[PDB]
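Chemist: Each chain is listed here by its residues.
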Amino acid sequence: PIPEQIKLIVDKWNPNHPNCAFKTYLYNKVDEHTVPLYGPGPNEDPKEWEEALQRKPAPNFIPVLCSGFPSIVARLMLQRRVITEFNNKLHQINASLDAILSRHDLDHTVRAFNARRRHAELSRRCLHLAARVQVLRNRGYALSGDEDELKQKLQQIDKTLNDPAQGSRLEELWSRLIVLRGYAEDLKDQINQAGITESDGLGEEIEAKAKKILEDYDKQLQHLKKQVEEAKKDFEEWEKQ
Amino acid sequence: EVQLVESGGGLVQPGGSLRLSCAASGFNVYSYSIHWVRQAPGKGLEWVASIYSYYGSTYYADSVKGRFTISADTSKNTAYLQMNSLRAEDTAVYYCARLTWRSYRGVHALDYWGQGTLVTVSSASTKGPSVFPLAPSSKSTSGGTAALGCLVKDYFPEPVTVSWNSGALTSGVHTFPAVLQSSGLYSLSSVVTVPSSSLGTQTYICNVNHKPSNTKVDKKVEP
Amino acid sequence: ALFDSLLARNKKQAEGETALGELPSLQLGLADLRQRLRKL
Amino acid sequence: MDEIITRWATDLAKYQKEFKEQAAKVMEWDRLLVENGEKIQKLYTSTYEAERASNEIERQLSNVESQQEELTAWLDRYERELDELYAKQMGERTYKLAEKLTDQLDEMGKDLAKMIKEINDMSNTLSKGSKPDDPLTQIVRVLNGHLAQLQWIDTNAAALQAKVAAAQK
Amino acid sequence: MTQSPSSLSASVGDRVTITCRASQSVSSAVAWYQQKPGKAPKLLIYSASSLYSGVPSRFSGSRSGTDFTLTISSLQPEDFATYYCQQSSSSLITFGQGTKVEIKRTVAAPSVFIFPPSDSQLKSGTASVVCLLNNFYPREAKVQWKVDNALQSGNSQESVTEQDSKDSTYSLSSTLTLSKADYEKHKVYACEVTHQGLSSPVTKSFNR
Amino acid sequence: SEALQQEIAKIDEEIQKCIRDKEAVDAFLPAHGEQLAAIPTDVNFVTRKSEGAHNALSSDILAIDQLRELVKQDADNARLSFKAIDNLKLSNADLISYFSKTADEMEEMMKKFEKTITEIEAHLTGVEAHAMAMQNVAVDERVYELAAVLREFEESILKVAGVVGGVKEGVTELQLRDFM
Ligand SMILES: [Os+3]
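Top line first, the protein sequences correspond to chains E, B, F, C, A and D.
Going by the entry's author numbering, the first residue of the first sequence is number 74, and it counts up by one from there.
Going by the entry's author numbering, the first residue of the second sequence is number 27, and it counts up by one from there.
Going by the entry's author numbering, the first residue of the third sequence is number 141, and it counts up by one from there.
If you use the entry's author numbering, the fourth sequence corresponds to residues 467 to 557, 572 to 649, in order.
Going by the entry's author numbering, the first residue of the fifth sequence is number 27, and it counts up by one from there.
If you use the entry's author numbering, the sixth sequence corresponds to residues 245 to 334, 367 to 414, 427 to 468, in order.
Think of the hints as simulated: they come from the structure by calculation, not from any bench.
Heads up, some of the hints might be wrong.
To be verified - Each computed DSS-like pair below joins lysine-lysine, with the alpha-carbon atoms no more than 30 Å apart:
id	chain 1	residue 1	chain 2	residue 2
1	B	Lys91	A	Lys68
2	E	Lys80	C	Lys486
3	E	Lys282	C	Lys486
4	C	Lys508	E	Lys120
5	B	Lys165	A	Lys149
6	B	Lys69	A	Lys65
7	A	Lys65	A	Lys192
8	D	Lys316	E	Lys305
9	D	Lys266	F	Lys151
10	D	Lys391	C	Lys643
11	F	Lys152	E	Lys285
12	E	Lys292	F	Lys179
13	C	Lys580	E	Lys96
14	E	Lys226	C	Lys508
15	D	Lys316	E	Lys80
16	D	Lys456	C	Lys576
17	E	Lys282	D	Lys447
18	B	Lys102	F	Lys152
19	E	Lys129	C	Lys608
20	F	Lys179	D	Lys388
21	A	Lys206	A	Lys149
22	D	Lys316	E	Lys224
23	C	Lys486	D	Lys261
24	A	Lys168	B	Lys69
25	C	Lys594	E	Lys102
26	D	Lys266	F	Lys179
27	E	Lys102	C	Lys576
28	C	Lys480	E	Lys224
29	E	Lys261	C	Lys590
30	C	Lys594	D	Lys387
31	C	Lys590	E	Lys80
32	C	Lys508	E	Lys285
33	C	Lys608	F	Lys152
34	C	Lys480	E	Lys96
35	D	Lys387	E	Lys305
36	C	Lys576	D	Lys316
37	E	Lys284	C	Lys649
38	C	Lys649	E	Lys298
Could you put the whole structure together from the sequences, leaning on the hints where they help?
Modeler: Okay, structure coming up:
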């Protein structure tokens, strides 16, 4: 029984597939309708092939014959070749996101704010013109009727604004704030020593988790908000019917 | 759709001061960290300083600690390298760059560099060149190879442009890199190799130009 | 960059401007905030 | 000579048991690769969407930006007919009071905003002033935002809930 | 200590491998860069081994202990440029001396042309004697001046041109500057050149 | 013994030559392994930055939406003024509503001012106390606060959610009762 074991060992260490003992199958993904192709080749036992297809992880996968080490090396070769492609595409995505963010964070924000202020200014001008129109043309001395109500409202709000107390409260508040300003700044300068305790005390790990929990909350909150929004928009419909 | 425009460089007296500006386009400067890297003429690359705004960190090379001061305007989305107490050894082409997608981990690599700006620190003032002819000693009936050239001596700063026959003759021409003399003035030799029989026949005239001082000199090389 | 945008938005939020109504809101936090949450 | 066959067979089984592991590891890696790849594609889609949307917003801020050019040049154009009206009339204070009255409160809003800003500055600097770039004030702020939004949700939802009682007739 | 790179050379398509040795063996953070004359640096490899986007597959970076390596399996006519590595220790980014690769060719000796100073320059009070070594390979070439059979040094500068695009041969100008005084005191001006391709040092001299 | 002793040599050499390939596999693993492990961390990162942009753009939508309806009413109010002058060169009862509208609008803006003022009072009154304790006193203790906050926000959200669901279902009830 000696020259049999030897031949069997010589057979084991070989790509000829006489019980190669390095028989493992790897599933290569292939989209339909290419499944009908592949289609093994020289020394494939339909037993192994079907048994591979039997315990299939997901559809559109075809098994691949990995006999020994050069094959697994090759599989690695491919894996790197795809690694680089993955990283590249990912970087593309990254770059386009940077572009979008650069646009928004600078080019668009400024134009939004600027446009809003321009609107306010033009609103003022619009009311000014819309006011002078009601002056020069309507200077026929016959200005009355609904004017009384207008000047009544105007007088009410104007009287409400032009009050000593209401106007005084702000002035009192400001100084009332400056008191705390000075007091706080003094008490702060006094206790302006605990810096390392503060910086190191704050810098931690729970902060990262808290950020995550915050994002989750934000998502939940957004969802709820939009849900209510829809609940409103969907109700004002029923309000008509 | 991403670039780094670099400016603020040029000439300056020793011990002087400059502010280099690196305007970034295509990404928030705050999100990334921006780096400065200078390269001395004929020498290798030298890291200078780094800034990351979102962390509020600033790092400088030993060879410029305290003297230089890096910063970056987030609103203007631009980096700045403030250089003070300059020296003749700070004479280098300054580049500006950034790191990979954010940091991201500890993957320090400079993917996008600019084209850089040349900062020259020297004491010498503006000076026009003097073109001197290098006559041929080899006989015209030798049949071998005859060499000629011009000598653009004593000028500052760089660069200068030398041509032959108004751009016509170009084959065999060699305009050597300008070297630095003791005085602080630049000087070069612009040569050209031609057949021996061409001597006397072809009229060789070297055209030299120096823009910064408004100077142009055409000189005729002769036997 | 999400939480960053949340900060940035909540930063630009409490800072002006001339929008005919929306003035910047004062931030609380921690002690007052918990009670302010409970008083919901 | 058996001592050689023993070595052969031991080495065989030993390296087989390892090759199996390697292969398995490679398989797992493949799974990881495709599993991520799907997500990469999702990112491609999401990104393209973002891109298109940003382009749209870009488009919007040119129409809204030019609408503030026609409706400005015309506002300037009306001033001629206005000066003409003046020219016609030459051959009120209440409105002028109304405008200043409407305009005066804007300054109050502005000043109030300044106040609030300063209060925020003092509170924030007092609570912490050796690291204004820190993540605490960050969490504070974002968390305040969430509080406000949650309040909005609560209140408006309560309003809608109230609105339903009307239909319960 | 800003330093210039070691200029090596090889034929086209040769399997090239470059190596840097980091004093502190790092986890990753080792980028490799290429740079052509007049053009800024470009990124090749990052994270020590991860190839960067927009880079041919022939460039392959790797590591072996504390030594990081950049391999070019097949050198191409566009691969002729300077190559740098990068250490990064959070922080202080350190760039290696660099490494310039140049195209290899058959050995060719330089054409020597000595040029005396112009009479117009002597009018200003200066005398520059030039020695031109034209079109040779390799770049290694030695030059020594002789004034009346007296060896000179320090007063003679050298300037070399980039490797030619067509025939790939360098050109070297050796400039010996002097004052009218020291110049006029001598007669025999000999320029000695030493090169690999030549049988023995060829000296090109002239009498004032 | 020659053929045998040679055969064993060739065989053992071949096996050893195979084990070299096995080793070759073993060598090329850890690097590639790191490279692989790197991927999910980046895609899990880039996916986050995308969410940031989306939350940013989506926030940018409402900005224009506001700016849209604003210029549109300013377009009409600036248009209603010119048609009055164009009518004159060759609506007085209409602008009354506009002015009275601005009035009615501002009438509440004043109330907002009052509200915010009262809040500011109520707030600074607290600031006083905070400073009044902070002066009196003169890391790990506050970390508990954050948790105590978040665990309470969870509850508050879960509280609100019920209200929302109740409303929504309450609306669908009427919606149903409509076509039912
Ligand atoms: Os802050």
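Chemist: Against the 30 Å threshold, does the CA-CA distance of C/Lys576 and D/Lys316 hold or violate the hint?
Modeler: Measuring from Cα to Cα gives roughly 25 Å; hence the hint holds.
Chemist: For a C-alpha distance cap of 30 Å, please report whether C/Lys594 and D/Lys387 respect it.
Modeler: holds (19 Å)
Chemist: Does the alpha-carbon distance linking C/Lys590 and E/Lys80 stay inside the 30 Å limit?
Modeler: Since the Cα atoms of C/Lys590 and E/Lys80 sit roughly 95 Å apart, the hinted pair is violated (cutoff 30 Å).
Chemist: Tell me if the straight-line CA distance from D/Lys316 to E/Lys305 falls inside 30 Å.
Modeler: Satisfied, since the Cα-Cα distance of roughly 24 Å is no more than 30 Å.
Chemist: Mind checking the alpha carbons of B/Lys165 and A/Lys149 for me, to see if they're no more than 30 Å apart?
Modeler: holds (26 Å)
Chemist: Is the Cα-Cα distance between E/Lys80 and C/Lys486 30 Å or less?
Modeler: Holds, at roughly 22 Å.
Chemist: Taken at face value, is the distance from the CA of C/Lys649 to the CA of E/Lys284 at most 30 Å?
Modeler: violated (47 Å)
Chemist: Is the straight-line distance between the alpha-carbon of E/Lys226 and that of C/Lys508 30 Å or less?
Modeler: With Cα atoms ~58 Å apart, E/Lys226 and C/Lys508 exceed 30 Å; violated.
Chemist: Straight-line Cα separation of C/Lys480 and E/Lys96 no greater than 30 Å?
Modeler: holds (15 Å)
Chemist: Taking only the CA atoms, is the gap from C/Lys480 to E/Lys224 under or equal to 30 Å?
Modeler: Violated: C/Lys480 and E/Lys224 sit about 101 Å apart, past 30 Å.
Chemist: What's the verdict on C/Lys486 and D/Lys261, does the C-alpha distance respect the 30 Å limit or exceed it?
Modeler: Between C/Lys486 and D/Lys261 the Cα gap is close to 19 Å, so the pair holds against 30 Å.
Chemist: Is C/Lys608 within 30 Å of F/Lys152, Cα to Cα?
Modeler: Given that 30 Å is the threshold and the Cα spacing comes to 20 Å, the pair holds.
The structure fails hints 3, 4, 9, 13, 14, 15, 16, 19, 25, 26, 27, 28, 31, 37 (numbered hints given earlier, in ascending order).
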